[PDB]
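Consider the single chain below, provided in structure tokens and representing the form deposited without this ligand.
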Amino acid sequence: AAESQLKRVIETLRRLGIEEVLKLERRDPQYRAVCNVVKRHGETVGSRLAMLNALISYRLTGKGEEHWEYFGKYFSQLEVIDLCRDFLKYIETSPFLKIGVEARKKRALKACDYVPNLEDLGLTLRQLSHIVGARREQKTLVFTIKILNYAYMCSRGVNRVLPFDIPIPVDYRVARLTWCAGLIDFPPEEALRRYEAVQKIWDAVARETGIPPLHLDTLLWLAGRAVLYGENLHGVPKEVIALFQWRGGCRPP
């Protein structure tokens, strides 16, 4: 089943080009928040704020979307002076960051002075892995690279396709979608533990479709909104949504 589902996924996602994915990224509320902050604060400060927000985008109790919207509103309308201090204050203030707030502050503090290199995202990922103390493939780090690409694209007014060798950010949602598409036969909880196995599947999809993993992430966001949450944004077509409804209860309420 897993082999035939992988083929179906590839041959369906082949109907979409990388240029269409890049266009969809402009619609992502994460992109919009980042871009609003970069326009307000410039590339260097805005990219650092977006980076720090991405680094602490975990244990959000289902509020990731609201959290990015709040980030964008908070910093788009506020002067930033001492970036580290201002970020730490934001962590304390946010309605969305209350779980483990002290450890969020400590992680942000580790990265507070770090200036990402937006034109060498591979070196940036390696540096972040040392700063944060995580494997390069860990969800929050690869997600941070995606967010940094959003900041770069917005700042420079360009498209830039991410590397194939940076894997997809595997959170419980992505694990659930992978299971819902019949690509794994072990449950989402186990998949999340074994997140590299999930990444390997999406790396095969990436290679065969021409859509790098961090861009496949965009498609999974849209498909997930439709299938898990019942919010059809019409960013992906009906046949893409249907991929993720292979298993019985993979349906909106």
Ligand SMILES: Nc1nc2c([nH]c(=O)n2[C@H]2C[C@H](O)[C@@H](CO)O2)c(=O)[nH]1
Given for the second form:
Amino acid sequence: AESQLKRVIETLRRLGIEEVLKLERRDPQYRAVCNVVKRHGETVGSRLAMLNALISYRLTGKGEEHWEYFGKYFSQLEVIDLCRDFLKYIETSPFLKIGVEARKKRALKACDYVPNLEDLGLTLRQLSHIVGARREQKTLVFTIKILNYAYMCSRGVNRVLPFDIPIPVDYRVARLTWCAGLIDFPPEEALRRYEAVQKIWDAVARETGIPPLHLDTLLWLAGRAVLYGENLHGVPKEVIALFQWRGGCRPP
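We have the form deposited without this ligand; now please give the form deposited with this ligand bound.
Lone chain follows.
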């Protein structure tokens, strides 16, 4: 795990933060969010993207497919009242059919909230209170990453996220951490012990110069290839190889 930790650091050190930012523009999720922002403008588009991130849990299929549906839905539809229209979308989407009333309830709490795209740290604190969760919880930090996508699209700029916002420990991140040999307890346990997993990726961030929410992009892109055998050039070959250390960590 210490030896694996060193291998991971010295491999990702090969990629600058500049290369990571470039790689990140090819995330299918970035394209969906950017299509919605181009259609609706910065304020409305960023609100829609925010709401989508806040309910991106217990999906039927892949994260990426859910985001593609979101992009197509809002890119070709006029939006008048944001709460109403978003709740209607929740009732329609095949990715969101599980626990729809609890989803609507969460969306209703954050409905009227306008995020501050220039101070994402302030926004994370505000979201923690509105939604009612610890700031390190996976859906909160993932929402910050989505907000960065919306800002970068809107303004046509790069922006490197802070080191002090940790990685979102979903089931994909937990499995990949296990697959790279960085943890000895199972991925299902890692979801509960998310702070311990966050501590590992913080170490990696400090030593590589790649902040945790940008590391998240590398794991998600790599996961597409290791778990499903798809988008095989999403990251360099040597990055993929890091997450194939344990037996089972290959496509069927």
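In this text, rigid core is short for the largest set of C-alphas that superpose within 1.5 Å between two forms. Shifts are known only where both forms have a C-alpha. Numbering follows the first chain given and starts at 1.
Quiz item: Of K200, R59, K63, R193, which one's CA moves 2 Å or more between these two forms, core aligned?
Solution: Among the listed residues, the one whose C-alpha moves by 2 Å or more is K63.
Quiz item: So, with the core fitted, how far does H234 move at its Cα between these two forms, in angstrom?
Solution: Its C-alpha moves by 1.1 Å once the cores are overlaid.
Self-check item: Core-aligned CA shift between these two forms for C180 (Å)
Solution: C-alpha displacement of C180 between these two forms: 0.3 Å.
Exercise. Using the rigid core for the fit, write out the stretches of 3 or more consecutive residues with CA shifts of 2 Å or more between these two forms, ordered by sequence.
Key: Run 61-63 stands out as the only one displaced between these two forms - at least 3 residues long.
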